[PDB]
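Asks: Listed here are the chains, written in short residue letters.
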Amino acid sequence: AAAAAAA
Amino acid sequence: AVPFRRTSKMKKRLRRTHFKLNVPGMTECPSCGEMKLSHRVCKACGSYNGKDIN
Amino acid sequence: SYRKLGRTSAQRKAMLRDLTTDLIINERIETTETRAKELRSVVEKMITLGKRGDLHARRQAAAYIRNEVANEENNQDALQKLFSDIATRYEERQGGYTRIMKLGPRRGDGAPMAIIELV
RNA sequence: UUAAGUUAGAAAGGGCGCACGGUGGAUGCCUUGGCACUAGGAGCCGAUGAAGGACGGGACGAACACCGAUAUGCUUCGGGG
RNA sequence: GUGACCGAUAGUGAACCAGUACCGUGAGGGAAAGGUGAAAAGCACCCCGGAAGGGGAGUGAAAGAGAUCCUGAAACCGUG
RNA sequence: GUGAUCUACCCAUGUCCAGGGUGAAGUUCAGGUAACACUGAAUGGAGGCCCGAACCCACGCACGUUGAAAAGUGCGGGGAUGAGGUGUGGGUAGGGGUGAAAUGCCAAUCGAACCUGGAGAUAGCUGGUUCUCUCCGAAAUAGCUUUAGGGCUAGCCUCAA
RNA sequence: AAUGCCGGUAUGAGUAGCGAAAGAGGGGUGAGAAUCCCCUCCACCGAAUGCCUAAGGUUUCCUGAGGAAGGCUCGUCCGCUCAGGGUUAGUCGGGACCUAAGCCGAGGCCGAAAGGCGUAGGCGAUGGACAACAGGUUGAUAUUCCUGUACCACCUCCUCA
RNA sequence: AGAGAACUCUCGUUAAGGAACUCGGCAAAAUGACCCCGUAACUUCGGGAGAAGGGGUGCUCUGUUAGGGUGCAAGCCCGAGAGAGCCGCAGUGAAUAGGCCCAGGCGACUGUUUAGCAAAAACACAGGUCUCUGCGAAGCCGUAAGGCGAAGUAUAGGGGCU
RNA sequence: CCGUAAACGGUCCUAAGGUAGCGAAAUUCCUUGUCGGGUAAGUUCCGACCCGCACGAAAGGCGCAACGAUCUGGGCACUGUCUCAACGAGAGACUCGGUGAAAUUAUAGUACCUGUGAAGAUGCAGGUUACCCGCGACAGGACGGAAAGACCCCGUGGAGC
RNA sequence: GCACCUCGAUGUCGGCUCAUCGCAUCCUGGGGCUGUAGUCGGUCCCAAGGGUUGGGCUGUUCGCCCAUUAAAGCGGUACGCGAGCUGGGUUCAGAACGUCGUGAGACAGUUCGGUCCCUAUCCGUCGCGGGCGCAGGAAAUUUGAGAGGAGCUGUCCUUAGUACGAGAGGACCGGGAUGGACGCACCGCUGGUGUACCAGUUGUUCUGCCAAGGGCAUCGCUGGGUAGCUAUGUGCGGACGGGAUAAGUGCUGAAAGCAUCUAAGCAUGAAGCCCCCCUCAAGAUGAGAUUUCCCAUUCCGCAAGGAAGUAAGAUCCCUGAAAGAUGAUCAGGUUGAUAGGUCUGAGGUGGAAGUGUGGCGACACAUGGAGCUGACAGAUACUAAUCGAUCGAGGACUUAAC
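Line by line, the protein sequences are chains R, F and Z. All you need for this note's numbering is the position in the first sequence, starting with 1, plus 16. All you need for this note's numbering is the position in the second sequence, starting with 1, plus 2. All you need for this note's numbering is the position in the third sequence, starting with 1, plus 10.
If you are wondering where the hints come from, they were derived from the structure by calculation, not from laboratory data. Quick reminder that beta carbons are idealized off the backbone N, C-alpha and C, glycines included. Take the hints with a grain of salt, since some may be wrong.
Pair ranges (Cβ atoms, derived) [unchecked claim]:
no., chain 1, residue 1, chain 2, residue 2, range
1, Z, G120, F, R8, 28 to 34 angstroms
2, F, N56, Z, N84, 34 to 40 angstroms
3, Z, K55, F, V25, 36 to 42 angstroms
4, F, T29, Z, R76, 38 to 44 angstroms
5, F, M28, Z, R109, 55 to 61 angstroms
Not the full set, but computed from the structure, chain F residues with beta-carbon under 7 angstroms of chain Z [to be verified]:
no., residue
6, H41
7, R42
8, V43
9, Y50
Straight-line Cα separation of at most 30 angstroms, DSS-like style, residue types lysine-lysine; simulated pairs [unchecked claim]:
no., chain 1, residue 1, chain 2, residue 2
10, Z, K23, Z, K61
11, Z, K23, Z, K55
12, Z, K112, Z, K23
13, F, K22, F, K11
14, F, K22, Z, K112
15, Z, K112, Z, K55
16, Z, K47, Z, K61
17, Z, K47, Z, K14
18, Z, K23, Z, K47
19, F, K45, Z, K47
20, Z, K55, Z, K14
21, Z, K47, F, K53
22, Z, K112, F, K53
23, Z, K112, Z, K14
24, F, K45, F, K22
25, Z, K14, Z, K61
26, Z, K55, F, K53
27, Z, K61, F, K53
28, Z, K112, F, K45
29, Z, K61, Z, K112
30, Z, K112, Z, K47
Please construct the entire structure, taking both the sequences and the accompanying hints into account.
Replies: So, in C-alpha cells, the structure goes:
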C-alpha cells in the first residue's frame with residue numbers, strides 16, 4: 017500500500 | 003527544518019563575530035558633561051546649544 | 011509619504027488629534043521622535059488655521075480640536091486658545107512654530123523620546 | 001625616479017598549548033539509617049469501647065513528638081541528686 | 001550481641017517532618033533531598049549599593065570555611 | 001478489586017425555547033337534502049408545519065497541526081413545540097453493561113476499561129554483554145526434523161593423556 | 001555503545017514565541033516609570049464584557065508594609081510575600097416538617113463461604129408546607145448590624161368573657 | 001517602539017472577457033427587507049409556492065389625513081392609500097435578515113449514527129407479513145430467592161424479515 | 001446443447017429451470033456497445049434497442065407528489081476560479097529595547113563534474129573551480145527530522161469473529 | 001527476468017509551478033538523389049540556436065473530436081520536482097450493487113464519503129553588507145581574463161501573373177511594409193489601485209440647542225481622484241554584417257603518364273561556433289591601467305620594527321529619498337534649499353460656511369470655477385540638520401639607466 021498517513 | 007549536526011564551538015564563535023554592538027556617538031557636553039550623546043539633550047544639565055531648556 | 015505609526019487610520023487620526031490638542035493646552039509634551047515628526051506639521055497647519063481668525067477657519071479647526079479645557083477658572087476651551095493666544099503670539103512668524111529636541115532612549119522599550127514645544 | 005622580479009607583516013575574528021576562574025556534585029573520607037542473622041523473651045488487643053484517625057491543648061508564629069476540656073498533662077511506690 | 005553486609009544513584013520507597021510532596025474521580029502509583037567549624041566563636045565597625053551582593057577590618061588552625069557550608073573532577077561557559 | 005463527576009440508555013423531579021407567517025379538524029351564516037352530503041364567507045388555531053434569534057449540532061472552505069486549544073477559531077450552514085435542549089438526584093460494570101446499530105461508548109483508554117497480584121509469564125526474535133598479552137585456529141557441508149534464519153549427530157577447531 | 005536509567009550541561013540561538021480586540025497626554029510617589037496612583041480626552045461591551053446566585057474554589061476579601069521568586073517584558077503594582085482585620089438571621093437556604101426515583105433494611109426467603117434479595121420501618125430534593133419589609137451604616141457584614149412599623153410557633157408569676 | 005521588503009494569513013477594489021479554472025462553479029461574487037400584480041409541469045388535492053417572473057419604497061405640504069386605541073373632554077399613541085412637488089449615480093442609500101430553473105439515481109417524510117477522519121443511499125420510523133405465548137404465559141437478568149414482561153391478558157406482549 | 005421462426009420441437013439433468021415488471025443499471029469485462037438529443041467538440045448525462053459475463057418479485061419488483069447540509073448532468077444571473085495578474089489596509093515576518101525555548105545532534109576546517117564502491121558520494125580517485133566572516137530569502141541534497149513500516153513475508157507469537 | 005540497496009520508513013499516479021539535458025529533428029536554416037515541368041511533395045545528410053496551442057470527454061498518461069498554427073517532436077533527469085502545491089484515482093476505518101462463499105467475509109469488478117506535520121543546522125541557489133589583501137595613504141575614471149542575457153517567426157505588395165506548364169496552376173532569388181509570441185524599460189495617453197484627497201447619503205451618540213461638525217457602523221455605504229506602484233497602455237529589441245566551418249559544390253593537380261574534391265595548395269558554403277547587440281566584471285592573490293591631491297613629523301627600539309598626533313580624505317551623529325528588510329547607495333548638514341512649515345502655483349473634487357432673495361416647506365439661486373486639498377512643482381532659513389569626536393602615510397630588498 018505504502019500510504020503516507022503518519023499521525 | 004531540523005539541524006543535521008550540532009554547531010561546533012569555533013563555528014558558533016565565528017557567527018558571533020558581528021553580534022557585538024558599537025560605541026554610541028558620545029561627545030563632550032559644553033555645559034558640564036561627562037559625556038553627552040550627539041544630537042540629544044544632556045541628561046545631566048538639561049541644556050542644548052546652550053539654553054537650559056530641560 | 012506620511013508614517014503609519016503602527017496604528018489603524020482611524021486610530022492614527024484620533025491619536026494625532028489627541029497629541030495636537032494636548033500640545034495646544036500644555037505647550038510642551040514628551041513623545042517619541044516619529045510621533046513628534048508626524049505631529050509638528052499638523053500642529054503648524056492648525057496654527058495656520060488659527061492665523062486667519064474667520065468663522066470658516068474656526069469651524070475647520072473645530073473638526074480637529076477635541077473638547078478639553080485649556081485655561082482653568084476662565085472656562086477657556088482649546089479652540090478659543092488658538093484664536094486668542096497662539097495666533098496673536100505667532101502673527102509675525104511665518105511657519106516653524108514647533109521644534110523637536112531629542113532625548114535618550116526609554117527604559118521599557120528603547121524608544122527614542124523627544125521634546126515638542128511651541129516656538 | 002622608472003621597469004621587472006623576490007619576500008616580510010598584517011587578524012574582523014579563529015585554532016592549538018599554558019595560566020587563572022565560574023557552573024556541577026562525580027570521586028575520596030564520613031554517618032545520623034538500613035540489610036541479614038544469633039541467644040533469650042513475647043506472639044494478641046477489644047462493648048470496663050480496640051486498631052487507626054479528626055479536632056484541640058505551650059505566654060509566643062506553623063509543623064513533628066507527647067497529651068486529652070484534669071489536654072506539652074494528674075496521683076502512688078521506687079531509682080537519682 | 002555479631003557480620004571477609006551497604007555507605008547517600010548504595011543500603012528499607014523513605015539516614016533528611018516519607019508513604020511526604022506530586023499525579024489519578026477512584027483503586028492505586030510514588031519521588032528528590034546527608035556533611036561549616038572542635039566550639040557560632042554565624043563576619044562588631046568603615047566604604048559602594050534602594051536592597052541583594054561585594055572590598056577592607058575582625059573571630060577562626062584554615063573565610064578560596066560565610067549558610068546545598070568537607071574535598072571538590074569532566075561535559076560547559078569565560079579572561080589573558 | 002476500582003470506576004457511568006466524560007459518555008450510552010433508563011427512572012424521578014424541575015427549567016428553557018425573542019418574534020413573524022401558513023393554515024387543519026370542528027362550529028356559525030348563506031346557496032342546499034324529507035333527513036346526509038358539496039361549495040363561498042366568518043370563527044377556530046391543530047401540525048414529529050414554515051422563516052428566523054437564544055439553545056443544540058457539526059455540512060463546506062480557510063487558518064492552525066513543537067497550535068490561543070491532546071479536536072478549536074473565522075465566514076457561511078442544519079434543527080429550533082418536539083423522536084427537543086438542559087439542570088439536580090439516582091440505576092445498569094468488563095467471558096459485563098449500554099447501543100434509532102458505528103465494532104460506537106463505558107473518565108483524552110475499547111474487536112474487550114483501569115489498578116494490583118500470578119510475574120523476573122514466555123519469546124527458536126532484535127539489541128547489549130565491562131582489563132591486557134601469548135599459542136593454536138574454523139565453518140557457512142551431509143543426514144534427519146510441523147523443518148527451511150531453530151535444533152541434534154557427523155565434518156572442520158582447541159586442550160590433555 | 002541497550003531508540004538503557006538518573007543527574008548536570010551544550011547545539012539549534014540571542015532564534016521562534018511573549019497567547020484575539022485603542023490608547024494618548026499632564027501631574028504624583030519613587031533609587032529606578034510606556035506598564036503603579038490621580039486627572040482630562042478618546043475608545044470597547046451593553047439579552048453583556050452589566051447586576052446576583054448556585055455548583056465549585058476556600059481567605060483568593062479589607063488595611064499597612066514589602067518585591068526575592070510568580071507576573072511569558074518592566075514593576076514603586078498584583079488573585080505574590082509578611083503582619084493584623086473581616087462572615088452577626090425565629091422570618092434568607094437546609095436541619096429539630098413531608099415524600100418521589102433510588103438506597104439501607106429487625107424478623108424473613110435463597111445461596112460453598114463471602115453474600116444476594118425483600119416486608120415492617122427509615123433515609124433520600126431536583127418537588128410540596130412554612131413566619132420581614134423599607135431606608136441608613138464600615139475599609140471589608142446587610143430582606144443578618146441600627147430606626148421604624150410587623151408577622152409565625154410555644155408558655156403563663158398576670159388581667160378580662 | 002518603528003520601517004511599511006519578499007513571503008504567509010484576514011480583508012477591500014480592479015479595465016476587456018467571462019467558468020475559458022478545476023475531478024467538480026471548491027472558494028468568491030450575486031440575490032436576499034416591506035407592499036402590490038402574477039405564478040407552470042405534476043400531485044396523495046394537503047402542496048409545489050417566498051415557484052418562476054415584473055413594479056414601487058427617500059424627504060416636504062394637503063397632514064393633530066381618512067379610519068382606529070385611550071380618556072369626562074382638551075389632549076397623547078397605531079396610522080394606511082393617494083395628489084402637488086423637491087433633491088441626488090443611488091432612496092429597506094448604513095448593518096443584519098433566500099440565488100433560482102430543467103432533467104435523473106437513492107432514500108418517502110421529521111429524526112439518529114462512527115465524541116476526536118466517513119451524517120450518507122447507512123440506522124430508525126408508522127404500515128405490511130411470518131412465528132411463539134392461556135398467565136406461576138412466552139422471552140429475558142440471576143445457581144437460587146427475587147424481578148422485568150405487567151400491577152398488562154391474544155385488538156396483549158416477545159422474536160425474524162421488509 | 002441442436003433446430004425452428006419471445007414461442008415451439010428433439011435430448012441430458014434436477015425439486016423446477018425466471019412469471020409479471022425493469023434493463024449497458026449504485027448491477028455490463030468486451031465497451032467510449034449502436035442510434036438520437038444536448039455542445040463547435042460530450043470515456044460523464046438523458047431516451048430507446050437486448051447483445052442481461054453476473055436484474056428480478058418482502059435479503060422485495062416497478063412507479064411515485066412532497067422532502068434531503070445526498071449523488072450525477074444541463075441552463076440564467078453573478079463574479080480575480082484564470083486569460084493575467086495589479087494595487088491598497090491590518091497581523092506576523094525586517095530593525096531596535098526587555099525576556100526567551102524546542103525538535104535534532106559520532107567528530108567535523110562540511111564545493112562541482114565524471115567514474116568507483118553494499119550497484120544513487122561533502123568526505124574515495126581523476127580533473128575543474130573557490131579570499132575570511134555575516135544578514136535577508138528559496139528549498140535541490142544531506143537516501144533530512146518526527147513514529148524499532150502499517151503494505152509483503154516469517155514466528156510451530158497473539159487477539160476478535 | 002534476478003533479488004544487489006533501503007522494511008529502528010527511499011511517500012507511491014495524474015495535474016499546478018519551475019526547469020535543465022540528448023538528438024534517433026516537428027518547424028525554421030544549408031544540401032544530395034528524385035519516376036523533382038512550377039507550387040506542394042518523398043527519401044537521406046549537416047545542424048539543439050530559438051520556438052514548439054486553446055478547448056469538449058474522462059482521475060486519467062494515452063487516446064478521439066472541434067478551431068488554429070511554422071510546427072503543435074520524441075525521450076532522460078527517483079516514469080525530474082508533495083521538508084514547493086492539490087488528493088480526483090489507487091490506498092485504512094462506514095455503507096450499498098453484481099458475483100463467490102453455509103458462514104464470518106472476498107473481488108487490478110462498480111459507486112457514494114473519507115485528518116497530506118516541520119520555526120532551515122550544513123552544502124547548494126538568489127540578493128545585500130562588514131574585514132583584510134592588492135608593498136605609502138586617498139578621490140574619481142576605466143581596459144578586459146572570464147561570465148551571463150538575447151537568439152523565434154507569420155501575412156501582404158513588387159520583381160511577376162515572369163520562368164515553367166496544352167491548360168488549370170504557378171516560382172527560386174532580391175527588396176518594402178504590417179503582425180503574433182517573448183523580453184527590457186517607462187507612463188506622456190488609455191485604464192486599475194490609491195485607508196491623512198473632495199463630494200453626496202443612512203442609523204445612533206456627542207459638541208447645552210438651530211445651523212455647522214466630530215465618533216462608530218467593512219475606509220459605514222456610494223461617485224470621483226494627486227503622487228507612487230502598475231498592464232490590459234506606450235516606446236524599443238532580436239538589424240546590417242565579418243572570421244574560421246559542417247553536410248554539400250568545387251579549382252589546379254599526381255600517387256596510378258588517364259581519370260580524380262585530397263594525399264600537398266586554394267576556395268564557396270547553415271537559424272550550429274567566435275565576434276559585432278546588451279549586462280556584470282582586476283579577490284583576473286596573474287589583485288591591471290590612467291588623471292589629480294597629501295607629504296615626508298615626534299618618541300622608543302642601535303637593525304628589523306612598535307606607539308602618539310596629523311595632511312589629503314573618510315567616518316560617528318543628524319535632515320531625507322531618485323535608494324532601501326537592516327546594512328549599503330544617493331542628495332545634503334547653517335558662505336544652505338536636505339526635510340517639515342509658510343506663500344504662490346499644477347492637478348483633483350465640484351459651487352464651502354455665513355448672509356440675502358423666492359417658496360408653507362423639503363430646496364434652488366447670488367456672493368463665487370467658490371471652498372478644501374496626502375506624498376507634485378517653484379520661491380522662502382521660520383523649525384530641525386548644534387557644539388563636537390573618531391579613523392586615516394612617513395612609503396622592504398636586488399637588478400639596467402638615471
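Asks: Which hints from the list above does the structure break, by number from lowest to highest?
Replies: 2 and 5
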